[PDB]
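To begin, one chain is listed below as structure tokens, in the form deposited without the named molecule.
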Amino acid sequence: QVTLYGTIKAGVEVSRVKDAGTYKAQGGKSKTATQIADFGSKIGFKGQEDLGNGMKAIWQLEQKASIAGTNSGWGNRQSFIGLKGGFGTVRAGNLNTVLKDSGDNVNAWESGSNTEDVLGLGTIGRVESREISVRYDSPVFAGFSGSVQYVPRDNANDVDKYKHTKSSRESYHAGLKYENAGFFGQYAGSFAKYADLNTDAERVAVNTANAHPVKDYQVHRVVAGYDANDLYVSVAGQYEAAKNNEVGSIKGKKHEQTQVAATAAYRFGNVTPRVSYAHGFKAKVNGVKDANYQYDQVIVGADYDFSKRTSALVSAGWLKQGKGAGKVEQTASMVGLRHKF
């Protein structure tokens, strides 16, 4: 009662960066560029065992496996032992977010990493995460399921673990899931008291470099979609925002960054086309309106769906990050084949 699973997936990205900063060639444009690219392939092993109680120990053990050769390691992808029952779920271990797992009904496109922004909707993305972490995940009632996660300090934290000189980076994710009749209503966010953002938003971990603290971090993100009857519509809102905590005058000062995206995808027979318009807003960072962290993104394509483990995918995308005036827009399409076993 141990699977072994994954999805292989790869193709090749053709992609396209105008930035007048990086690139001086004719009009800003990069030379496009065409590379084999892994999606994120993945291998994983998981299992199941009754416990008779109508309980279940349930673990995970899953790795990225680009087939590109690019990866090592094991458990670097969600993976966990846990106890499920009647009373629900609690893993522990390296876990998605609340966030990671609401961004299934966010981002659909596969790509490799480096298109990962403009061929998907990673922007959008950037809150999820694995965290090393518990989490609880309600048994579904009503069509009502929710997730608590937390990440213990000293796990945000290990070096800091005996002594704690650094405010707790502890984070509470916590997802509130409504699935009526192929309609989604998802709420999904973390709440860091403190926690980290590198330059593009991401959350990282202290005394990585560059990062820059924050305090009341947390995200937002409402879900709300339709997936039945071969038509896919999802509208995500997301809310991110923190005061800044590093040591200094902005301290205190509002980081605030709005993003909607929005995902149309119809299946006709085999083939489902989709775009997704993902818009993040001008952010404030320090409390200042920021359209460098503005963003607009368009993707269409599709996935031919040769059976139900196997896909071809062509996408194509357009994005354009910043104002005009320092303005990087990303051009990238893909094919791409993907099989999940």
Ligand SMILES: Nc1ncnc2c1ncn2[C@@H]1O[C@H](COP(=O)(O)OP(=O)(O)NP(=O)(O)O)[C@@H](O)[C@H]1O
Given for the second form:
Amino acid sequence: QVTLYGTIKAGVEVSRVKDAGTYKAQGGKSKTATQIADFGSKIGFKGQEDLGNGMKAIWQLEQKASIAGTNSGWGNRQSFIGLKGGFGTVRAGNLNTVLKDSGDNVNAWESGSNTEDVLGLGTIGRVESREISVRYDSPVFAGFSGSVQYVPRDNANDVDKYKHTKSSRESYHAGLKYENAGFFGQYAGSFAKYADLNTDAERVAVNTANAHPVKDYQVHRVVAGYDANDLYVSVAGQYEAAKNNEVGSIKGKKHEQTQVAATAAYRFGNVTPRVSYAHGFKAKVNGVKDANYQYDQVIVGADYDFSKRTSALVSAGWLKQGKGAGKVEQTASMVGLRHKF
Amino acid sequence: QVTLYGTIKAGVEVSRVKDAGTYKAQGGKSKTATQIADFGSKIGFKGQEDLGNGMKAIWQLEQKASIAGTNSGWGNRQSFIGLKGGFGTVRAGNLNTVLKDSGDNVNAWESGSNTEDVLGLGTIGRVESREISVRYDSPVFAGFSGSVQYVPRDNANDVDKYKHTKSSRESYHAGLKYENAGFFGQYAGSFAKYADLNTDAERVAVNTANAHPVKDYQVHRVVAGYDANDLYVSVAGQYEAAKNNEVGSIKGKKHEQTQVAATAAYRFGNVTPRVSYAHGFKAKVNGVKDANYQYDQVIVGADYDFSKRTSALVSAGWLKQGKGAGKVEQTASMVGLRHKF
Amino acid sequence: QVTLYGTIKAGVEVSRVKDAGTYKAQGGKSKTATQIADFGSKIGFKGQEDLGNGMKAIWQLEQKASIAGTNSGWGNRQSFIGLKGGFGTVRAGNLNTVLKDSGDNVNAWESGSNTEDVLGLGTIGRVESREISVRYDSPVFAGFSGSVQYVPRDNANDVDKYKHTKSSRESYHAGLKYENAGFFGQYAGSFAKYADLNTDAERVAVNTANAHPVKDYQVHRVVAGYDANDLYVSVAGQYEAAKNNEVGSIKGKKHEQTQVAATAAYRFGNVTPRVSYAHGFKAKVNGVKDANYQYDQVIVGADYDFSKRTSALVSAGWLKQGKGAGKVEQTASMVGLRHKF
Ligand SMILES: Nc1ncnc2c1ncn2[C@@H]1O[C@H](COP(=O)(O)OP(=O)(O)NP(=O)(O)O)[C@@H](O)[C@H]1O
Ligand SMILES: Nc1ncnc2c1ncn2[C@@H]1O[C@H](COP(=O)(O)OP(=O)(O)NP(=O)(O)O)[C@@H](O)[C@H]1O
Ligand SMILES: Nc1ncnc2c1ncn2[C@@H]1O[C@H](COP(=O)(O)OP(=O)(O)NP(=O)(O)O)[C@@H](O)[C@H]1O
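Same protein, different state: after the form deposited without the named molecule, show the form deposited with the named molecule bound.
And the full complex, kicking off with our chain again.
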């Protein structure tokens, strides 16, 4: 007994960008783009066998499958082999980062990738990812459960396996959760002595074009709220920081940014209207306040549940990035459809 | 309840090309190539759930799967999410073009890709394709059923989303069918104010190497015939046309070509012998009759049905393209096997 | 009735290479690499339908699926369509080479690809592969069974289909087996009048960078042993040879190498400890003894069977290649997990 599952979701999204810099049209406004777009359809195959005592062997293979036909490859979404039992769970493979899992309580919007940032809290989710790694998940001991994860230096860099000439990009991810009477609160974070970021502050493979090496990269997230009684309100606080490691005397200088997000919604019969606010404060790059990284976003919308596996979706979102003249404003809205199986 | 399906088909095909131009061997003849070749194996996953009233949510993910191992990717064959009910059907995703669907009644031959043109009416099928799009399919109202399809400018060109600096390649596909007492007749066509063609007259993505931009591109197909009583006879008429839009004073000049095809077959117990004839008339390119596009093809063959899902196949085909000295003649024959699941 | 199956296997492997030449660290020693690594997870879809008499139609689509997410594509592992019945079996598609099948009795170790050579008898398995081809498998006529396989010139080279200007790389693979009272002994080999090798002596596509064309390439394998009674002992002997066909007066000169391998193991309840020894003799390249191709390897390890589909794995291996100063020594060990479904 092996099981097949997935999700299928598509919809048409509408958007426009207000950017003085790369738009020469009147007043910096882009035209308005109207597109049909897959929202991240997926399809997996998980299974489990009982081992005799409390133990169960477990595995999963999940792939991006976009109904627009733009994906390819196996196990490119969470996939793994593991063992489960008294002690809790132990998994190894392409694994959701403890911070990516905590992303559920923080960004629940559906959208195409060209809009993950305006129609979803994509900016705060920029720290989430999947990593080849080992992960331990503790049982829920009465309100509490815990997760510890680790990524090998030689899995975080494969070419450098035999010559340790590049500093380790091995990282540690760990989380602590608490659920009770609708109440929940969790802490999740990650730390890597050495890592590399692109200019959007997302982590990238060592040696990617224009990656900026960093030291002591750490991320902290804290979410809390209440989910039950046709009711949900969630508040998240995130803190990112690292030192400059790139060649040339900027090295040692501090990078850091703080984001906060809040979302609440209620189910009124089959409709669940929702709303989210998110803010990214000014950032300190190489020790200097850089207002290019500051932003504001609010998203509103609802889902009409045709059934427990099928929903109709709608949302509009607004985003403001940076300040003054380098200002970038994005506005989008969509209507789609999701079917879980 | 989600269902798995597909088809598997392979066979060995034999071929030779008579082309004075790119063959220096005696008299323009190529050697004779003998190959094992996948005929387009595929594998999908479709599903549906009832929604409460006459409505049903529907989806599919179908992928090219060639047993020779040369394919990769998900949803690269018709895949989609849709809703079905009283009003008929509504789908969105990688969708068979209304003209690709009408291809069933017009080219039913199985073959490898290196022979889609001699062992199949591939030339008349050059107007068929799949497009990210929305599609409506009307219920059969007593003999009649109808289909309307549309491809967004921003799905027909994604890079140009925000700068509308390139003319829309958005297109409309629509069909009308009629079935009764074995009798059927359908019209199917498509129209795009702006499109782009390669030299084989097939549509290509804006900006492909050597694509020729065109204006008012329209295709018309008409098929009619009789399928029942161990009996099938089909006749198709197709008309393609467009204006020249490419840079440089050839612009505005007319392109056009007409093709006709005919196929008939009968089931004598488990064998179904079949035969097809197809003709492409001289073409008018930039206002001038170009006999390079004219051709003649006849295909004969049969299928021995081992069971309702398994068949053995055989066919020979002959094709003549262009005239005089630029003449290209292709001849092939194959024997294969197909298994539907 | 179509069936889904596969295997999932991952584990962490540890390794170090002692190579004076490409390591400048003290004494030629590399650092020690510690990696999580997929061992070749896979997932297939096979099926069969009865045809009425003793005959059954059969098919399979099997894909590399690595839980680390590094694979993509369909049918890239054995996949095919075939017919089975009184006469035995007939298959066509991506097919395991008769010599790749005989690989079961000769290399049974699990490992990641970066260690297929030290943690597995990978070196002797260098002659195994999959080829688009047709294959016949005779029924077992009381102890004996047989296999004959063939790869078309036009499937072994596709570009050269119409101009036969390159000599045929078409090859023949054939095997003969015998099983009885735990006893078994098989012969398996292949022969190609023209082929091409890389410097590791593995076969490569015509025209690959740095491939060395060869004439009369033939491989001979012979394995024998006893598997039953919680008992296994296997001995293999292999002989490879070819003539030089590359441009420039080295042509016509003899290449040849001999390898032998031996492995035995016993099941003591759920544990099955195992051990293997393998040796590659000096090689004759262009008529000259080349000790660069000579090697020695011993692998020890066991599998603890959690159940008939789940095992825990462990192994260490040691390998010595070439002689004197060009000497390359590899040592690795791993612990992993496998789950068949
Ligand atoms: N690599 C990525 N880059 C950008 N966005 C992503 C990436 N991976 C996932 N996402 C988005 O973030 C979401 C993460 O998954 P989620 O929303 O929890 O649904 P899911 O993956 O089907 N369920 P789960 O298994 O719990 O993750 C996806 O729906 C994507 O829209
Ligand atoms: N992109 C393409 N280019 C060239 N030939 C194609 C392409 N797509 C499909 N074909 C061929 O045309 C046929 C179209 O599908 P068809 O013959 O109807 O079988 P099917 O796809 O299994 N069923 P359906 O879902 O009704 O299309 C395929 O069998 C292919 O041989
Ligand atoms: N192309 C390849 N290159 C290198 N190693 C390979 C290749 N293909 C397979 N292998 C390895 O050799 C083994 C061949 O398959 P095998 O060990 O018999 O397991 P299997 O493929 O699941 N079963 P079978 O269908 O009998 O081959 C795989 O487990 C791989 O580890």
